[PDB]
Structure formats: structure tokens, C-alpha cells
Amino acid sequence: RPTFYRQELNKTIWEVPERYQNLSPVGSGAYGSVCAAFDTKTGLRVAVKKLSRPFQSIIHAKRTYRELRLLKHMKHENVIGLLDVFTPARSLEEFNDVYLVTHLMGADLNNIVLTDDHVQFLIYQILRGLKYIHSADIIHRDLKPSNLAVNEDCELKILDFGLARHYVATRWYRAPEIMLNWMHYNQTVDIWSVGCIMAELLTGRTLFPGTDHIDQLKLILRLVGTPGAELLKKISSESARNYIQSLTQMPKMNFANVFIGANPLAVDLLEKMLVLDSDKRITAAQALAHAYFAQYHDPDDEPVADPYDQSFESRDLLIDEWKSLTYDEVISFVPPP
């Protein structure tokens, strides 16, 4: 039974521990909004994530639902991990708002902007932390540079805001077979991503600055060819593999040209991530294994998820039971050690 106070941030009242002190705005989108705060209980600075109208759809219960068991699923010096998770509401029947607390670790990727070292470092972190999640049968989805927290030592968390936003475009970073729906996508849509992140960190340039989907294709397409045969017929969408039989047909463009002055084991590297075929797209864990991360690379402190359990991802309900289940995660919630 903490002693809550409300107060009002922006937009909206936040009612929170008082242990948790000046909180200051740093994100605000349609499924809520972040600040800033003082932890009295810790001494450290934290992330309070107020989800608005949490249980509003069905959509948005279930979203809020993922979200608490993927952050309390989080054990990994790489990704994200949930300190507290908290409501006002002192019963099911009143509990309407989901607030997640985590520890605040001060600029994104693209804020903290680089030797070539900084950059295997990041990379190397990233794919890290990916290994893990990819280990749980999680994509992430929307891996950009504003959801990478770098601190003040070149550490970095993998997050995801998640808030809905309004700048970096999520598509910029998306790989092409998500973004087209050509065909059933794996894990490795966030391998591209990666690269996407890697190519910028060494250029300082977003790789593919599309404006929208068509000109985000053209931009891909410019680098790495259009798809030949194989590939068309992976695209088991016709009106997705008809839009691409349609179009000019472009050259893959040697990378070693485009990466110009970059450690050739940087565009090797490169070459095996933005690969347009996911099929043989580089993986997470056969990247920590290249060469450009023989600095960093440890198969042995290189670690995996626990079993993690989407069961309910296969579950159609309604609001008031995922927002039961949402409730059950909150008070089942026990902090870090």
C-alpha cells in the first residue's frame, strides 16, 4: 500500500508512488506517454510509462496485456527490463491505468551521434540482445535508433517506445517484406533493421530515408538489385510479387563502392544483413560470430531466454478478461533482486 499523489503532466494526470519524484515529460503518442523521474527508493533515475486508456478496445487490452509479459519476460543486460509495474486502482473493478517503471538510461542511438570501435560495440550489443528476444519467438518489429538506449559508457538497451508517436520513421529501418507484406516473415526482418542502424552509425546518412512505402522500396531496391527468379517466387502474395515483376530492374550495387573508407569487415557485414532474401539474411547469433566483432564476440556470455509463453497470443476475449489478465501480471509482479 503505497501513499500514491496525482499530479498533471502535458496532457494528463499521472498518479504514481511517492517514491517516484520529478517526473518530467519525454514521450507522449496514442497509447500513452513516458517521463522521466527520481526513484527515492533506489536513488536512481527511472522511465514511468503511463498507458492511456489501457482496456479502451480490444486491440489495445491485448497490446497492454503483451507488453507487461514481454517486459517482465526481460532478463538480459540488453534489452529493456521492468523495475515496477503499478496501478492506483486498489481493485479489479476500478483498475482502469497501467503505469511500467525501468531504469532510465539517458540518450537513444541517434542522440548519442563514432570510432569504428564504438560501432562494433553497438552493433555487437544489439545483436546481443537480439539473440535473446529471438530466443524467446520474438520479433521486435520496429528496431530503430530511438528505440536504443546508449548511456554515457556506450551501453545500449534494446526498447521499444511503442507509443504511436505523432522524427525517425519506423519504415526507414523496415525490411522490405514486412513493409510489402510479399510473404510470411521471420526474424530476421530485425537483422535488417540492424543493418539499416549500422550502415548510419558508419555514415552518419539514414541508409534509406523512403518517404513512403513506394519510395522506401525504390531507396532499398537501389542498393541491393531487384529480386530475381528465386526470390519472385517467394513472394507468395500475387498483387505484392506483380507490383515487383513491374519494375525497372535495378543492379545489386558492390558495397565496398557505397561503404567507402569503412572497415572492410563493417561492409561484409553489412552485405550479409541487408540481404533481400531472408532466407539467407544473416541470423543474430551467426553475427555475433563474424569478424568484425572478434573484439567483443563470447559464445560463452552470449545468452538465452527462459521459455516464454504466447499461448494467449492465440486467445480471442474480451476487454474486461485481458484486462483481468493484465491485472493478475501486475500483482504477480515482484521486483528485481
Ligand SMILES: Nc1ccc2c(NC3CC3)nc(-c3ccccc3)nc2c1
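Positions refer to the first chain, counted from 1. Rigid core: the largest C-alpha set superposing within 1.5 Å between the two forms. What changes on going to the form solved in complex with this ligand:
- Lining up the core between these two forms shows that one residue from 102, 263, 187, 237 moves its Cα 2 Å or more, and that residue is 237.
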Contents of the next structure:
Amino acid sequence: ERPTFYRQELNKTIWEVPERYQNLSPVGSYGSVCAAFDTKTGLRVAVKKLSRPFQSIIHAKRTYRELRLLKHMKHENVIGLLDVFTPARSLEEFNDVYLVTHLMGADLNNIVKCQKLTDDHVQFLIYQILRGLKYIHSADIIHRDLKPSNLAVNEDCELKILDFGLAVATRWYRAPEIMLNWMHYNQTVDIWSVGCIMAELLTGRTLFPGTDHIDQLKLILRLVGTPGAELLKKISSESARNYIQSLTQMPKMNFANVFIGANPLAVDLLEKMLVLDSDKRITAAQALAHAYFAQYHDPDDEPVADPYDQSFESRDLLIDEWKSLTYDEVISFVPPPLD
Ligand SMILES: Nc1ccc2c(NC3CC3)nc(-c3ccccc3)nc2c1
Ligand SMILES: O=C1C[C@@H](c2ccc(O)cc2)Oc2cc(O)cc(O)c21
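Would you mind giving the form solved in complex with this ligand, to go alongside the form solved without this ligand above?
Time for the whole complex; same chain goes first.
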């Protein structure tokens, strides 16, 4: 049943992987990642060894979540699972988890930080992000942590959304309703991140380089304008309401003055993505229909996900229960077909 494993000390940490995976070679660091050759498919792959996956209730739930998410993602613009394995023979000695995914050249950070991109490159890159977001959103998953280092791009300019990238602060791409600590935000927090990402591709500069959460807000409202009465009446917290309307009434900027000389269609999408009011923000699906993607948009080739059960998220279990649920998911893994 079980293939032949082999051991080695790879820098900081030890690895025991099946003989199928050769030429392990460190690439960085939640857990650490190696590059490898997969003799079975001929692919270069990344093997990820989780750091102490079952050391607390938090880790154990996180390990389980991650594994369920990856097993479920089957889509061109979303990282998926090639293989998952443990060197453990039984539940009793189950203590280490390894995940295998496609290896990609660089992240989006690595392309913008060194250059600009032309308008046709942003189109295709953002198009692919919105296409993967459409699929993730359709399973009632929200990403929450979209930023350049979470977008992997190969030398063909093909893009995949990663669940956790390699270690530019997270807050620079966070929606204002999450800065303010709103408990009830929706899927379009992710649209907000995309708007920030696109903006950064188009101009080469972080749109909102806040030093902290207050600075961040200050920088956001300075482009988008302080909230009107229609938004203000939907804010449940007295203090947030006070902070907001305690501030100087900044007017909304014309985006065409901030993004001078960019495609006027790109400026239009951005207007629709960077709305302070979350209820009005364009969705991923709608954004795919926007004129700016005219040369790529195909409604018969932008699929949605199967139903994803996340009832587990509300459960409070013992470390050994999460551990055993995670073992079941390893055991039942069906490899995706070659081709
Ligand atoms: N329908 C909505 C739309 C936007 C909202 C928003 N956005 C903040 C301007 C960024 N913030 C909040 C909120 C409520 C209580 C505490 C902290 C934040 N609610 C919103 C409800
Ligand atoms: O190729 C990958 C896969 C990714 C990853 C591997 C395993 C996993 O479970 C989640 C993500 O690590 C990366 C990190 C990067 O900066 C750039 C990359 O191209 C990659």
C-alpha cells in the first residue's frame, strides 16, 4: 500500500518523504517549503512540511482547515493539491503532514517591485485573479489576505491564488471595514484587495502605504472621501461612527487625476472596486463582465465551485479529534488525474 520513504536533514529541519520525490532543495519559510522533482509526473513541485501541525487546538484546527481547503480547490487560477502524505503507519504515530503542490516561479511582488507592467499585462493578471476569486467566492469562502506575495505567477504569466505565501505589510491591502474591525464584512473585502493590487501594477507604487491602522484609514479616506450619510447610517458601532465623523470631511477624489494616463477603462474598474461602502462594491463575477476585460472574458469558461461544507469552523474540538479528522482526510485523498 505505502510507498518507500527516505530521510534527510534539510537545513533547520528534518524531512521524511516518499522516494517518488527527488532532489529536495530549500526555497523558504506556518511551515517550510522545498522544491522537488516528482518522478511520477515529471513535474517540478513544492513539498510543504507543516511546522508542529498538532501542538495546540489552534494549530490542529488550522492544519485541518488548510487540508480541507486545498483538497477542495480545483481551478486554474487557484492553488490545488497534487499529493498529501505522512510518514506515519497508523493514527497512533500520526504527527507530521506534508502537502505537495505545483511549484511556480515568482510571486507578484517579484514582478511589480522591479518594474512597471504594460496595460495588457495588468488586464490579464487582474482578469485571472477575478476569475479565481469568482470560483472561491462561489463556495462562500472569503480569502481575507490577498496581497502580491499571495499571487504566484509563472514565466507564462499564468497566475494562481495561494492560501499562504512566502515570508510589504498585510494592512496595505485590507479593506477599511476590516481596519475599523467590523464583525460582519462580506466577500467584497477581497475585491477591495484586488483594486489595491491593480492600482499598484498600473503605477508601480503601493496605493495605501499606511504605517499603522489609523494612518491606513487616513490614506484611504483621502482618496475615496469621508463616508456620506448613507454609509454612516449602516455603522453599528458608536465609536467607529464617532472616529469617522470626528475626522475632517475629505472630498472624494477624481480617480482620472490620481491614475493619470492609465487606460480610462482601468480607471473605471478601479472606481467600482474601491468603494468605501461594501454593499455597493462590484463583485468578482460582475467585474469579469467589465469592458476592461473585453479581450479575455468568456462566461462559458469561468466556472463556480462545488458546495463546500465549513460547518467545522464553528466547532470546538479536542486536539486529538482535529488530529484524527485530519488523518481521515489524508487517507481518503484521491490524486488528481495526469494531463
Ligand atoms: N453596510 C456596511 C458597509 C460598510 C461598513 C463599514 N465600512 C467602513 C467605512 C469603512 N463599517 C462598518 C462598521 C460597523 C461597526 C464597526 C466598525 C465598522 N459597517 C459597515 C456596514
Ligand atoms: O510554488 C509555490 C507554491 C507555494 C505553496 C506550496 C505549498 C502550499 O501548501 C501552499 C503554497 O509556495 C510558494 C511560495 C512562493 O513565494 C512562490 C511560489 O511559486 C510558491
